[PDB]
Each structure stands twice: as C-alpha cells, then as structure tokens.
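A.B. asks: So you can see what is in the structure, the chains are spelled out below.
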Amino acid sequence: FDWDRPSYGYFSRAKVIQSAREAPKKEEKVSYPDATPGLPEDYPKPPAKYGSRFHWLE
Amino acid sequence: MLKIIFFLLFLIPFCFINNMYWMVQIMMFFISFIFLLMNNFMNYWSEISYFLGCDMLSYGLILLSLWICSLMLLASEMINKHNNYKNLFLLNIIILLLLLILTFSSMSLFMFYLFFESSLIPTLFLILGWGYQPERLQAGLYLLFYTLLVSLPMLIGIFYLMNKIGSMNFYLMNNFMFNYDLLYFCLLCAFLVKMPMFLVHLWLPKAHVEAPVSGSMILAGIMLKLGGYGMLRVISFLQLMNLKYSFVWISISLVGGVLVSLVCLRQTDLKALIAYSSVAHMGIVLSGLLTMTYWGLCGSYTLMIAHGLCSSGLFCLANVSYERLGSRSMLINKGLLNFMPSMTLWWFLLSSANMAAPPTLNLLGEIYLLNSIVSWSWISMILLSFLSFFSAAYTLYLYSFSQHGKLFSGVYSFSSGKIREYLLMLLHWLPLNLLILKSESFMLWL
Numbered sequence: 118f119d120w121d122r123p124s125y126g127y128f129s130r131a132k133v134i135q136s137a138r139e140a141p142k143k144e145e146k147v148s149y150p151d152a153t154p155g156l157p158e159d160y161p162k163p164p165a166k167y168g169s170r171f172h173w174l175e
Numbered sequence: 001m002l003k004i005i006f007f008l009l010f011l012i013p014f015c016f017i018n019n020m021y022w023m024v025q026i027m028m029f030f031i032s033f034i035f036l037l038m039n040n041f042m043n044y045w046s047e048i049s050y051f052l053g054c055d056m057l058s059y060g061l062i063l064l065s066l067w068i069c070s071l072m073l074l075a076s077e078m079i080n081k082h083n084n085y086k087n088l089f090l091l092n093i094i095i096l097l098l099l100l101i102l103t104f105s106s107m108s109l110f111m112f113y114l115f116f117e118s119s120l121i122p123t124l125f126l127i128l129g130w131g132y133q134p135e136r137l138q139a140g141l142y143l144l145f146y147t148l149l150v151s152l153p154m155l156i157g158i159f160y161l162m163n164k165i166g167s168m169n170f171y172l173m174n175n176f177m178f179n180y181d182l183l184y185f186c187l188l189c190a191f192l193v194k195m196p197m198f199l200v201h202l203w204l205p206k207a208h209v210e211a212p213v214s215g216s217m218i219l220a221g222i223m224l225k226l227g228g229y230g231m232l233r234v235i236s237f238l239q240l241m242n243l244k245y246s247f248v249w250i251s252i253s254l255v256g257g258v259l260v261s262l263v264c265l266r267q268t269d270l271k272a273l274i275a276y277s278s279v280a281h282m283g284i285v286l287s288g289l290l291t292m293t294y295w296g297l298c299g300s301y302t303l304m305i306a307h308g309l310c311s312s313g314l315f316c317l318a319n320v321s322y323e324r325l326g327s328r329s330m331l332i333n334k335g336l337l338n339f340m341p342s343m344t345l346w347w348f349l350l351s352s353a354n355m356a357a358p359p360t361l362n363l364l365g366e367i368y369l370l371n372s373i374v375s376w377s378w379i380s381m382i383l384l385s386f387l388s389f390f391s392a393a394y395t396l397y398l399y400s401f402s403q404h405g406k407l408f409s410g411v412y413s414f415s416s417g418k419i420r421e422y423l424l425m426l427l428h429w430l431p432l433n434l435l436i437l438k439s440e441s442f443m444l445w446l
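Residue numbers (the entry's author numbering), protein chains in the order written: chain X, 118 to 175; chain M, 1 to 446.
For the record, the hints were derived by calculation from the structure and aren't laboratory data.
Positions of the beta carbon are idealized from the N, C-alpha and C atoms, including for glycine.
Mixed in with the good hints there might be a few duds.
What follows is a list of derived Cβ distance ranges for each label pair [what the hints assert, rightly or not]:
(1) 153/M - 148/X: 46 to 56 Å
(2) 162/X - 20/M: 48 to 58 Å
(3) 174/X - 138/M: 52 to 62 Å
(4) 185/M - 173/X: 40 to 50 Å
(5) 357/M - 173/X: 16 to 26 Å
(6) 173/X - 160/M: 16 to 26 Å
(7) 392/M - 173/X: 39 to 49 Å
(8) 146/X - 160/M: 47 to 57 Å
(9) 162/X - 182/M: 35 to 45 Å
(10) 437/M - 174/X: 35 to 45 Å
(11) 148/M - 173/X: 45 to 55 Å
(12) 173/X - 19/M: 35 to 45 Å
(13) 173/X - 30/M: 40 to 50 Å
Here are the computed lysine-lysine pairs in the DSBU-like style, where the Cα-Cα straight-line distance is at most 30 Å [to be verified]:
(14) 3/M - 438/M
(15) 132/X - 142/X
(16) 81/M - 438/M
(17) 86/M - 166/X
(18) 86/M - 406/M
(19) 166/X - 3/M
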C-alpha cells in the first residue's frame with residue numbers, strides 16, 4: 118500500500134484541523150442590571166449639612 | 001454665658017500657686033457679682049453659645065451654686081490652716097463648680113445627664129480625701145452606688161428618646177407625650193433617688209454624717225437639687241404617664257415626710273438630724289412637683305433654692321460646734337448659749353427658716369406646695385398638717401436642746417467664735433430673707 122510509518126512523535130503533537138462542524142462555541146457575558154450600586158467618583162461631595170450632626174454638633 | 005465658664009477655667013491655675021487660698025474665693029465671689037448682673041432671662045432659653053443657654057429656672061440654680069460653692073471656701077478654712085492638700089482641695093471645688101454650671105446651663109437633655117453624674121466624682125473625692133471618721137468609705141460607696149445604679153438605666157431612657165424625637169433639646173421634647181410605662185420609670189426613678197424619696201434615702205444620712213463640712217454643704221446644697229431640677233425638665237413630656245403613678249409617689253413622700261420627722265425626734269446626732277430634716281422637706285418639694293400644677297411647679301423651684309441655703313447653713317453651725325466640742329452628739333453639745341452666746345443667734349435664724357418661719361423665702365415656697373397638694377386632694381390635709389407640725393417638733397429639739405440647757409461637764413477649754421464664722425452665717429441667712437423682695441425673678445420660671 119506504499120504507506121510509511123510516521124515518526125515516533127508524530128501523533129503526540131498538537132493537531133490543528135479545519136473544523137467541518139463549523140460551529141465553534143460562542144462567547145457571552147452575564148448581565149446584572151440590579152447589582153448593588155456604589156457611589157461613583159464623579160459624584161460631587163459638598164460639605165455636610167451642619168457637620169457631624171452628632172449631639173452638640175461634635 | 002461663656003463669660004462664666006472661661007472665668008472659672010482660667011482660675012484653675014490659682015490652685016497651683018502657693019498662698020492663693022484666699023485669693024480664690026474673692027475671684028469666686030466676684031464672679032457671682034458679675035453673674036448677678038446678667039439677669040435678663042425668660043421662660044425660654046437665652047444667651048445661646050454653642051450649646052449653653054440659661055432661662056429663669058437655670059439662672060437661680062446656677063447662682064445658688066456659685067454662692068454656695070463660694071461659701072464652701074469660707075467654711076473649710078481648717079484645710080488652709082493645716083495645709084492639708086489645700087491645692088488639691090481647691091482644684092476639686094473649681095472642677096466641681098464647672099460641672100454644675102454646665103449641668104444647669106446645658107440646653108440638651110443628654111448634656112444635662114453628661115454633667116449630671118460627672119459632678120459626682122469630684123464630690124466622691126471630697127468625702128474620702130478630707131473626711132475624719134472611718135465610715136467615709138462605707139458612706140463613700142453609698143453615695144456613688146445608689147446614684148450610679150439608677151443613673152445608668154436613665155442613660156438608656158435618654159437614647160430611646162432620640163430615636164423618637166430626633167433630638168435632645170428640651171424645647172423640642174415638650175412637643176411629645178409618651179405612653180410607655182417603663183420609660184416613665186427610667187427618667188424619674190433616677191431622679192426620685194437623688195431627691196431623695198423616703199424609701200431610697202438610705203444613702204443620705206450616711207453621706208452627710210461622714211462627709212466634711214464642705215462636702216456637707218454641696219451634698220445638701222446642690223446635689224439634692226439636681227434631682228429636683230431634672231424632674232422639672234422631664235415631667236413636661238411625661239404628663240400622661242405621670243397621672244397613672246403619681247399617687248404612688250405622693251403618698252410615699254407625704255407619709256415618708258411624717259415618718260422621717262418622728263425619726264428626727266429620736267436622733268441624737270446633729271449631722272444626722274439635719275440630714276434627716278433634708279428628707280422631710282424634700283418630700284414636700286417632690287410631692288408638689290408631681291402635682292404638676294402651676295403653683296406646685298413655681299413653689300417647688302422656690303423651696304429648692306431656699307432649702308439648700310438653709311440646710312447648707314445648718315451644716316455650718318454643726319461644724320462650728322463639732323470643731324471645738326470634738327463630738328457631734330447631742331449629749332455632748334448642750335447649753336452652747338452659755339459658751340458662745342453670739343453664735344446662738346445664728347442658730348435660731350437658720351433654725352427658724354428651716355421650720356418655714358417668716359419672712360424667709362422658705363415660707364413663700366412652702367405656702368405654694370401646700371396649695372398645690374391640697375388642690376390635688378383634700379385627703380392630703382391629714383399628713384400635710386402632721387408634717388408641718390412635726391417639721392417644727394424636731395427643729396425646736398435641734399435648737400433648744402443644743403443651746404439652752406446647762407453646760408457639759410467634761411468639755412475642755414476651746415476658742416470662741418471667730419469673725420469668719422459669723423460672716424459665713426450672715427451670707428447664708430441674709431440672702432434667704434432679702435430674696436423675698438425679688439421673688440419676682442426666682443419664682444416665675446414658668
């Protein structure tokens with residue numbers, strides 16, 4: 118049959134093929150519109166109204 | 001108002017410089033004069049400064065303290081005579097006075113409590129530091145632990161009021177009326193202790209008998225009033241709850257006053273007898289206060305001023321006698337009219353004031369509490385007659401027994417009365433009369 122024995126390490130290599138299935142898996146990213154929001158850095162921070170407001174404003 | 005506070009603070013260093021004992025009182029008397037000029041107060045708060053105001057109620061109580069705390073220095077000249085840690089002693093009073101001024105001048109309920117108790121520790125040092133008898137320990141704890149045991153639960157009642165009112169300021173609190181039974185007991189059982197009430201007075205005869213002369217002044221002079229002053233601010237928003245349990249307090253104090261008067265008659269100690277006399281009158285003050293009527297409130301404020309000056313006055317005289325005779329028992333102290341006849345005059349006037357004798361400011365207040373109580377219920381005439389009758393029964397026994405009879409036999413020679421003592425007695429009694437002229441101011445705090 119005019120065939121040849123492949124080299125010893127022939128089949129241990131990475132084998133890259135042309136996928137006939139033609140359906141490589143897709144890629145997506147989960148979305149949580151309801152995530153716990155935090156204070157954004159762009160938010161302006163004016164002085165507190167009457168300061169600490171603790172007991173006698175201290 | 002800060003004028004007073006910063007004046008006192010910068011007088012603190014005078015405790016450290018030597019030979020400044022007498023220069024202190026003058027600064028303490030002079031500030032009273034300066035404070036005496038700034039009376040333009042009203043029912044509402046005035047002279048705001050960062051949290052310190054003063055109305056007519058707070059003014060009289062503050063001015064009472066400055067006067068009394070100034071007389072403490074005159075009375076306790078023995079501390080200066082023996083250099084018995086006088087510098088530390090001075091610092092105790094200057095600190096103590098500041099706590100009082102803040103306590104009455106505080107505009108928010110939390111502050112009042114903050115300096116309410118904080119004044120106690122300077123008093124506690126005073127008893128242990130300069131008391132003679134060994135029992136100042138066993139009387140040092142009673143003063144500290146009766147107060148702390150009932151003041152710590154009050155702290156919870158204060159915080160529970162923020163979460164409803166949102167603030168401590170007294171004016172904003174009056175807009176509310178609370179219905180919770182326990183809260184009533186967490187803001188009055190703490191002041192009923194310090195009045196004191198008859199059944200929880202067990203600390204008062206021990207603290208007063210053992211404390212030094214100066215400690216007796218302030219204990220009888222201002223500490224019994226902080227309980228009274230506190231109530232006047234916190235029955236405003238306990239009106240509804242006050243009606244369900246007032247009859248318990250009125251009965252106890254009224255019956256408590258009578259029973260204590262009999263206990264007074266069976267005493268044999270000057271310090272004890274005067275101290276038990278404090279519970280007797282303080283029973284009428286509390287009784288009229290809880291009546292909540294216009295008269296019972298104005299009268300109670302008046303009598304607290306008058307009684308403090310008197311009971312503080314009577315503690316001077318016991319110290320004078322004790323200093324020489326060396327014993328505070330009635331049996332030792334007899335016939336002092338024949339040793340110190342000039343002294344016996346002051347014994348009478350201060351004694352007479354204690355039994356609601358005219359024209360003293362004491363009779364003005366006592367007429368009023370009596371009116372409110374009678375209006376509260378005609379059944380109150382029974383003991384209110386007994387209590388006023390026996391309130392003179394022991395006063396005569398106190399005065400007559402100690403001044404009239406034949407002299408003691410074993411007494412050794414001792415000095416006669418000094419000018420300092422006479423001047424001390426005048427300043428106690430003489431305002432107690434002249435104040436009647438301008439009761440306009442020290443009465444109508446409502």
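A.B. asks: Does residue 132/X pair with residue 142/X here, judged by a C-alpha cut-off of 30 Å?
C.D. replies: holds, 19 Å
A.B. asks: Hinted pair, alpha-carbon criterion (30 Å max): residue 86/M, residue 166/X. Please report holds or violated.
C.D. replies: violated, 48 Å
A.B. asks: Go ahead and decide if the range 45 to 55 Å is satisfied by the Cβ distance of residue 148/M to residue 173/X.
C.D. replies: Since residue 148/M and residue 173/X have Cβ atoms about 24 Å apart, the given range 45 to 55 Å is violated.
A.B. asks: Take a look at whether the Cβ-Cβ distance between residue 162/X and residue 20/M falls inside 48 to 58 Å.
C.D. replies: holds, 52 Å
A.B. asks: Does the hinted range 46 to 56 Å hold for residue 153/M and residue 148/X at CB?
C.D. replies: holds, 54 Å
A.B. asks: Taking 39 to 49 Å as the stated bounds, is the beta-carbon spacing between residue 392/M and residue 173/X within them?
C.D. replies: holds, 47 Å
A.B. asks: How does the Cβ-Cβ distance of residue 173/X and residue 160/M compare with 16 to 26 Å: does it lie in that range?
C.D. replies: Since residue 173/X and residue 160/M have Cβ atoms about 19 Å apart, the given range 16 to 26 Å holds.
A.B. asks: Between residue 86/M and residue 406/M, does the CA-CA distance stay at or below 30 Å?
C.D. replies: violated, 38 Å
A.B. asks: Falls inside 35 to 45 Å, the C-beta gap from residue 437/M to residue 174/X?
C.D. replies: holds, 42 Å
A.B. asks: Indicate whether the distance between the beta carbons of residue 357/M and residue 173/X respects the range 16 to 26 Å.
C.D. replies: Given about 44 Å between the Cβ atoms, the range is violated.
A.B. asks: Taking the Cβ atom of residue 173/X and the Cβ atom of residue 30/M, is their distance within the range 40 to 50 Å?
C.D. replies: The hint (40 to 50 Å, Cβ to Cβ) is violated, given that residue 173/X and residue 30/M are roughly 29 Å apart.
A.B. asks: Taking only the CA atoms, is the gap from residue 166/X to residue 3/M under or equal to 30 Å?
C.D. replies: Measuring from Cα to Cα gives roughly 29 Å; hence the hint holds.
Of the numbered hints listed earlier, those contradicted by the structure are 3, 4, 5, 11, 13, 16, 17 and 18.
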